Structure formats: structure tokens, C-alpha cells
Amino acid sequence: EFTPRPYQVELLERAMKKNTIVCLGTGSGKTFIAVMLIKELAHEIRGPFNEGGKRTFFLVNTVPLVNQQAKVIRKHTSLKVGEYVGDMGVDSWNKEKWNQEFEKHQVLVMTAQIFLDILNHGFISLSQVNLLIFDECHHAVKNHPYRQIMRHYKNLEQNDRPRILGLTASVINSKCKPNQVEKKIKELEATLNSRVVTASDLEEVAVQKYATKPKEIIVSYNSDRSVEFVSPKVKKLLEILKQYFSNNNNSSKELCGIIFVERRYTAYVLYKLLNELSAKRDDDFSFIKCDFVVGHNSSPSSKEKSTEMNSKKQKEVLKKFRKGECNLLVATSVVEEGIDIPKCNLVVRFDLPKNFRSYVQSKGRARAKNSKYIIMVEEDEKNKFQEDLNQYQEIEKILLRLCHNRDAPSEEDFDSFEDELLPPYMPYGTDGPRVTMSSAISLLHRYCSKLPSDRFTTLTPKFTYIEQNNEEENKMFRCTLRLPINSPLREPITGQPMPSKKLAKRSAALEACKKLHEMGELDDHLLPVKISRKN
């Protein structure tokens, strides 16, 4: 419901001061907080951008969330928003087109990479950004593009101070032990320079969502050795499904279930088996249906058929599942997060959870009456899996226990954040574009592809490798970077001595990058020359 609540407006007031990250539970409509905040600061956007007004930018990982968020933003606000995705091909635009877009629009939504491209090629300054929103921020580890955005936070001046919002459901994306939960949290908070908050009053969540969490039922298959032609786990799965339908015999009403699988072929064949067995005229089998949502885009450049699970096809199958046409869904770990599904009360984890975050998200999925979180585990690993579950549960407990009086800011830990190894190529300083050390490879590939020639798939640049040792005889590396022969330059160049292979690659790319600009092969914005091929 689109109604403000006391226990959420208190968090709104808490976040009004500085940048804040919320750790509200799943299914709580956390986007309500974001829309409320975007409503609160609506009085600063009227400023025109010919003279220096401010707009808002939104960050989203993947395509399906784009329209989902845009719909809510457009529905519950009078603002004239725009939608931008990489599929349309906006990179072909020029400065004036982008400026017209800025003048026309009020609120802009896009994926992660587009902001990298706009900033780095100098199409706009970090100024004039009233706000920024970070959903599923816990991806900002190592070299995710969020970190490359936030690099410009400190290198540039602090003349603009955009407030930072924080939405997440899990705060660590790798396995951990209970004694090591504070280190990663402190590091992440330092990177984003914010404070993580938590829920206070789950007055309505504890009634129909928190209390309706799936109680764990663990069942051991006994694979110690026409259904006789398949593995015993299949027969046990049929038996346990029949046990579940022992409940649905009286409750023959509509319901939907999720069967998470790992291997693609497993998902492929379970649908065929289910459809074949649905013809036994059984009362349970009288309503049995199956369909694929697995694989997603998979390898975009063919390399497999798999029906390819086309984006249009995915939209079709998701729509037909949401409406209630089908009941049983066979999936890989693609629907676990970032999409709305009709309520379910039966999850068959045909394969075990991998790490902490995956287990949390999988357990959170079921929401209907008497949800049953089910795990099929061999009897011989039952104790190991039980102690792993104990470890996960204590990690969750200490996580929910540490988030009290979290009013301490990182402060100097943000300054302590490390840097790269070489200065970026900045021909005109802050008045010119930038080329970071860790982004030259993609730009070189892009220029080579856009370089007028036959688009051979083998056109990837040629590199040579050599292993040496320094004076102290540590491991050392070096590479040489080839550029296309059709280009005015042909001879390859060698970079600086880096201690790892990929570091040497990136350094070589950076060193060669400025070379093509300085001789006039790059525009004023370091982009590939936009002169038409007719000329």
C-alpha cells in the first residue's frame, strides 16, 4: 500500500540528515522509502540546466527492474521521468542531443555502465547531481562499476554534495565465519561513507510476513544405488510432492510452486518428465504444468541453442505465470531476486544453497499460507549441512544484533581507501575527459570494432607474455599490446612492469590509449571520431 507509516517515517527522518543504508526485510516494499524521499526533495529540481539546475539519477543492476521501477515512479509522482537502457544504443548520440535530453527530462533512470560512459567522456561534470540511489549496493566489491563511479567522488572537488541512499537485503556476498562479520561491514560502509540502519517496528510484518516465514523441513533421499528407468531421487521427489498434495487434496485451490535447479539439462528434462506423467489421469496430475525460465540470456553470441530463452519469450512466460495459467515452475537461480512473482507456499530446493546470500534469498521467496522451505539432502551429509545451517543462523543472529546505535561514521576510513598505480590520462585536467587505468581495454575494443573494416570476430588485440624476476627475484610480468594493421599505427607497444598479468595488460592499454588521441584519431571528448564514413 502507498501509505506512510510511523516506523518508516522515523527512518525517513533518520536518513534525511546524511547518507544512509536501510536493511529492511524482504517483501516490505522498500521502494516506498525511495519514492517518499524523492518526493521530499522535489523543490530543488525546477532549476534549469542551461544555467545550472539539478536533476536526479537512479542506478539499477539489470533490465527487468528498469520498467518495474519506472512504472512506480511515474505512477505515484507527477514528475516527467525518462527511461534509458543500453539496448536502445544511446552511445551513438552527440553532445547536443544529450543536452536536449537533459533539458527535456526531469528524472532519469539507467543501468550502471551508462553513468561511467557519460562521466568518463566528459559529457557532464559531477556537479548538478542533486541525488543518487544505490539499490543492491552490496555488489560494490573489488571492481564493480559502483566503485568506479565513486572514484570521482574524492578525486574531484566537493563543490557538489549529492545525498546517497542505500537499499539492500544482504550485506555480504561471500561465505564468512561468525568472527569475521564486522570487517567486511566496516569496509563496505567506509567505501560508501554511510551508516547502515535496521528495522524497528515490524508490527504488520510479524503478522503475515515474518511469522509466515517458511519453516524448515529437511528430507533425505536414499540414492544408495516407467520411473524405474530414472534415478531414485526422482521417485523420492514424486513421493514428497504427493505428500505435499496430501494437504492440497482438500485444498485443491490455486497455488504455485518453485523448483530451483542448478544444471540446465536437469531443468530441461524435468519439464518433459512432468508433462509425460501428467497424462495418467490422476487427480493430482490432472492439473500439472511446467515451463522453462532457466538460462536467461546465457551466451549472447550463440554457442548453444537451448531455445535461447528469448527476452520476448521470457516476458511471455513470466506474464503467463503471473496471471496464474501455470502452477509448477522449473527454474535456475535467475528468479531469486529482482522480480515480482505471485505468492507461493512450496519451495523444492532440488539442489542445496551455495553460500550465505543465496540461502537467504532462496529462503525468503515463499510467502503464501504455510510456506514450506524444503531441502533434499543425502543422508550422509546431513550432519555437515546441519552444522552449516547452524553457522548461517548464528551469522544472521549476530548480524541482526550488531545493528544497534550505528551512528558512527567511517570518517577517515574513506580517506584510507586505496588508489590505483598510475595516474589517469587527463589532457585538459578537470576541464577534459578522463581515461582510468582499469577501463582502457573496453575502449580499445570499442574503437577497433567501430574502426571501419571487415568485422572479423578474430579482431581482438594480440598480446605477448613473458615471465621474469626482479633484482630480489620476485615474480614479475610484462606484456606487449598490438593494434590493428589497418590503423595508421601497426607496431605493438609494451607497458610498465606490473606484478600480475592482468595488471600489466591494463597498464599497457592505458599507456597506448593516449597515443591515438594525441595524433588526432580521437575527438575532443576522447571518443572515436564521429565523422561520417562518407567523408
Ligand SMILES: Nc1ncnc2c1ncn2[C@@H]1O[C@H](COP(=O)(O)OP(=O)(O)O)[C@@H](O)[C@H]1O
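What we label the rigid core is the largest C-alpha set whose atoms superpose within 1.5 Å from one form to the other. Positions refer to the first chain, counted from 1. What changes on going to the form deposited with the named molecule bound:
Among the candidates 77, 113, 298, 99, displacement between these two forms reaches 2 angstroms at the C-alpha for one position only, 298 (superposition on the rigid core). Here residue 425 does not count as shifted, since its C-alpha moves by less than 2 Å between these two forms after the core is aligned.
Here residue 148 does not count as shifted, since its C-alpha moves by less than 2 Å between these two forms after the core is aligned. In this overlay on the rigid core, residue 205 has a C-alpha that sits 2 Å or more away from its partner position between these two forms.
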Second form
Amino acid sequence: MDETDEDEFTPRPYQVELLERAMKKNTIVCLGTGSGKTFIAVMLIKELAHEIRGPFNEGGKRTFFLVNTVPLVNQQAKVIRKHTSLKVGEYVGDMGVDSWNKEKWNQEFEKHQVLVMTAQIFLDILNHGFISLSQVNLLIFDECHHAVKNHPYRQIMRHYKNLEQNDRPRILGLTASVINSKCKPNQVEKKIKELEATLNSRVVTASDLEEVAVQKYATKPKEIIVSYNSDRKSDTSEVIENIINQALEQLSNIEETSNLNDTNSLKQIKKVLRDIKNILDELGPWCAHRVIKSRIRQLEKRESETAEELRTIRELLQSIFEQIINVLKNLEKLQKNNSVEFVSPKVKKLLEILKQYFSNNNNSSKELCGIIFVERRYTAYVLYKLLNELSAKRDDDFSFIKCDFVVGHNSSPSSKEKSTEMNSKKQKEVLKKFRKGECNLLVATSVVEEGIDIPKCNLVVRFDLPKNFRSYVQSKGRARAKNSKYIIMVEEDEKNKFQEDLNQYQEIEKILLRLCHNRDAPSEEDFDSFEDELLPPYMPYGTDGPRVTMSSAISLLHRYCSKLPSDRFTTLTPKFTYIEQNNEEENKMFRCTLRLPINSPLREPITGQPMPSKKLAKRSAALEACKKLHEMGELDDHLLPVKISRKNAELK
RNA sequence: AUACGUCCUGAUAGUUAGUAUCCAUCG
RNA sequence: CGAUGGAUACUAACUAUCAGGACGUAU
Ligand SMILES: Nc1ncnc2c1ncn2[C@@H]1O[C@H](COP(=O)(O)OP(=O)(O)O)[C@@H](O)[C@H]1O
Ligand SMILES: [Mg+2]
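Next, give the form deposited with the named molecule bound, keeping in mind that what was shown is the form deposited without the named molecule.
Expanding to the full complex; the earlier chain stays at the top.
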């Protein structure tokens, strides 16, 4: 039954116009979400493909693609591979790319024609002298509105500025919302001018888009606001939260009265029980008890190695949680087979919304595909568990629900035994399952919120309020299919503030849509204007060799310290000490000092130059330490830590 | 009625310090 | 799990401007 579906792409007229304009000179493309900018980028890549066929040893060039997150790089690589005939490769941080030497990087450059990877990796390659910007043919900045202050985009731009104008590559950027944070309507012009100066380009908007052409293809859902109140609570729930409050009070009294071997341990206990209180308030007693038994398992793990006082505190906490369990036994909704009443009013409202949506779509032949957006990861995990349990209960109207979740990921040589784990392959598998149609619901954090082409959706639910203009715009634009719905859940007493914020957002959008028409080219004087480096970098082998920028000193120092062979449990870390002195002008002056662990050969402390701010003093001290360390003979030619073992140390 | 200096309040812009959360790199 | 970096929101202090209130001086 499967039929192949080639795109057989026929570009739309505004795409052709934008392609010509971008070919003429540097540009930034500003268009609404879902209007098809990735195909424009693909067309531009294909147009200039006659400069890539040459070998790399004889000065051949390559094309690069810059992306923020991992699902995005996978998806864009797949699209480019499908549409054109060139070879594409994808690089991320899972594979452990820093351990590679120069020869393997040269081989990788020789193998492919187009390279797609994250921005931080590109910065690392640029700094350590593996590649030079004179060999790049074209650069693409996905979501270019992130290049502000100290973001890695700005650092790469600083690298680009020094190069002579004879051999500078072309620049193209794609964005939908031009301003990152929230601001008054009077600062929009200043913000766009700053961005134009930073990226050394002018913004462009098609004349045909304003006339029908792109309105048909752009996505616009409907907005609905649903209100709930959390004051209305069950008396038993009030009793439980009062008991938890008095437990918090007595634990605080114990902390204030009883001395502690580690105050941070009881502070952690207090914050995790406050988290338990928050979980109860937001979700309900059953989810709280599930987290409580997970906590029970956590101290089952912990009791192998713990202190006596810490274990007594843990056991009195266990006693309190056990009393909570006996209180819940009287409220055994699952035993009573009526679990609808116990949940917090917010969860009840969400369930009512889902039921109404299913009732509406019962007549509709099309299936359902929805996304739920949550702020923190633990809430997402607990919500997924609860929804799966309700579906397994097999009641009247929850027999069709299938749920899964996606969050960020971590990796370590250690086991990291925990309830929540993630990996690149598992994340890709879940996304593929969602695309195919195995699951109908997805519970996600802000990882997938931006830029992901989602399967045709009908429903987006905001479990938490948007924080600024950009997040609101992107979350609105995530739904793609026709006749979509956008739903926001708001507490009763914050609805006026949310209303005024929505009005301000609409005004900002209206102003932005008009200001971008018929703009003027930027001036190179502003490009020469921006300069935040108070101290020049450290270049031992010349301008084109390796460098250690002021911003990257501390990370390199900590990497060297971590690579030092020592005990597994002990994680060595340099110690910092700040001394403040007042100058003749009575201005604030900061001088920092540094020390190293006794394992490293460098015994003597190192002192940096005085700086107006504490962070600047710390950076200066780190830079001086790095220069001295290289002078002594630790770091190798490429200015990265040497793979030195005990035998290597003995030989040297 | 106005200007100058002083004290208090609100907003705007910038700087500094603290708390919470998210995303990337490493062990 | 730990370590590092970047971004957002909240609070406090300082500086400058604006707005208002009060005081003294001069016009
Ligand atoms: N020429 C075209 N013909 C058919 N579909 C297209 C064309 N150009 C773009 N599209 C569709 O429009 C959607 C645009 O999404 P995408 O380009 O990934 O991000 P953006 O929302 O920034 O444009 C894609 O899913 C693609 O399938
Ligand atoms: Mg895109």
C-alpha cells in the first residue's frame, strides 16, 4: 500500500525572488513560521555547488550548516540528503569528537561535501586551529535571533571580523521573531540595528508576501483561554498539606536548633520536601505518594553509605511520609474505583479539555495529534506516568490515549541510575514513532519547542504560561495542520496581567510586521564599533595559529584539571581568592588570585591584573595561568591537554 | 509663577550582588 | 550523578534622566 512520494519541487515565486536577492549580497530572511525557508536554503546551497568539487589539499572549500539542538540537526541533514545529490554528514556531542586528532579531522573534511553540526563544536574547531575561515564557502545561521551578548554566534562573528575582505564567505540567516526578550515598542529599531551590525547584513522581506501569496501557506491557529482556581480544595487535601506544613516547620526548627555535619544535606532534604509539597499542590496526593515511594527507593540506594544523624532525619521523614500514606489509605480512590475526584483542579480541567476534544473529533474522520508543554522535567515524567495509568485503567473515555515524553539528555562513564534517562538514539526513536502515528500525545519540555517540523497537529496545550515574545510566537506556530487550536491555562488572579501582556505582544507583532519593509543597508562603521574584548588574546604561533580567547580560559583550565590522573572520588578543582583594593580615583578595583591542586607540577600561585569587575579579574587570572602553563610545557602544539599517562610523565 | 540645591516617591536606562529554571560540553 | 559555560525570570543596592510631593535660596 506504500507509495513513494518525491517532492518534485516547483519553487513558488516569492522563493525565487528571495533566492535572487540573497545571491546578490548578504541578507537575512524574515518570514512567518511554516512558510518554507529551509527549501530556500537548499536552493541556495545547490546553486553554488560548483566550488566544492575540488580536493581539500589543493585549497578546496566546504559548506557548513549551524544548528542549536540535536533533533534539528538530524532532521535538516535528512532533508538536505533527500533533496540534493551531495554527501552529508552529521556531528554531535554524543560521539566524543574532542578526542580526535588532526588526521581524522582532515579525513572527515575530505570525505564529505556538506557538514552539519552544533555551534559549540564549530567554535571549538575554529579556536584550536584545525580549520581556517578562508576555506569555508558559505555559512548558514539557523535561528539567527540568538546572536546577542556572549552567545557562541557572536564569538564566531568576532572570528570572522578579523579576516580580510578578499576571501570572506557569504552569510545567510533564517528567523521568524527578530527580538529575543521582551521590550517596549520604542526599542525595536535599536534591537534590529544592533542585530544587523553584528551579523554584517541587511534584513529583507518580500513584496509579494504582503499580498495573499504567503498568507495562504502560513499557519495561524485559534486562541482559547481556560481559567481554573486552586483555592477550592478538598478538606482531606487541606489536612494533608497542613501536616506537611507543620512537618516543614518542625524540620526548620530542628535545623536552627541542632548542629549539622553538613547543613547542605538538610537543606537538600528541605528543598526536596518542598518539591513534594509543590507536586501535591499542582497534581494531587496519588502522584505525591508515587514520588514518595520513588524517594523510598532513593534512600534504599542511599542507606549503604550515610551518616547517623542524616539517616535519622531520613527515617523521620519516612515516618512522616508513612503517616501521609495512611491518610491516603482512607482516600484510596483506586480502591474505591473513583480516581477522578482526588486529582488537583488543574488536572481535572485538563482532563475535561481532553474529553471535550475527543467528543468534538469523534465525528471527524481525522485522528488526533496533540502536544503538551511543561516547564520542568519531573512534572513531565509524572504527568506521563499518570496518563499511562489512566489509559490502562480502561474507563469509558480514556481507552484511546497513548503517551510518551522527550527531554534533554546527559551522559557519563558512571551508571547514572535514575528514573529519567535519555539518549540520542532513543530520542530519535520516540520522534519517529510520533511521526508514524503510533502515539497520539507527547509531553515535552522546551527542547522540541523551537524549529521542529512536527507532524500535522490539531491541538497545542500550554500547561505553563509563556515567558516572553519569542516563546509565545514559536509555541503558537508549532501546530501545522488546518483548523488548529491553541489553548492556555491561566490561574484566576493572574488573568488581568496575562491579558495586558497579550495586548502588548500583539502590538509588538503589528509594529514588527511593518518596520521591516524597505530598510537601508548597514554601515561597516557599526561593525567596527562592537568590541567587548578588554584584553587581547594569546597567539603563540601567529595570527592563523591556535588562540586562547579570554572567554574560553576557565573551561580549558577545568578540562585540564579534570584530565589530571587522581582518585576517582576526589574531583580536583582550582581554588579562587579575591582581594579588593581601592585606587586613587576611589573607583572599584578587583584583583584575583589562583591556586592549583598539588597533583599538577605548577606549585606557585598565579596573580592576574586588576579589573573593574570580579568576573573580569577571574578571567584575566585564568588567561595568565594558561599562558604560563603552555610556556612550562604541558599543553601541546595544538594548545589542548596532552594525553599524558604515568609512563609519559616519567619519560618527560 | 520660574530656576538652583536638599529630602521622599514612581517610571525609564545602565552597572553590581543574590535566588530559581532551561539548554549545550566533559568525567 | 558531579563539574563547566551560555540564556530567561524575580529581588536588593548604586548611578544618571524624567515625572510628582516637601523644604531653603534667588529671580
Ligand atoms: N515548494 C514546496 N512544496 C511543497 N511543500 C513545501 C515547499 N516548501 C516548503 N514546503 C513545506 O513547508 C514546510 C515548512 O517547514 P520548514 O521549511 O521545515 O520550516 P519553516 O517553518 O521555517 O519553513 C515543510 O514541512 C515543507 O514540507
Ligand atoms: Mg527552520
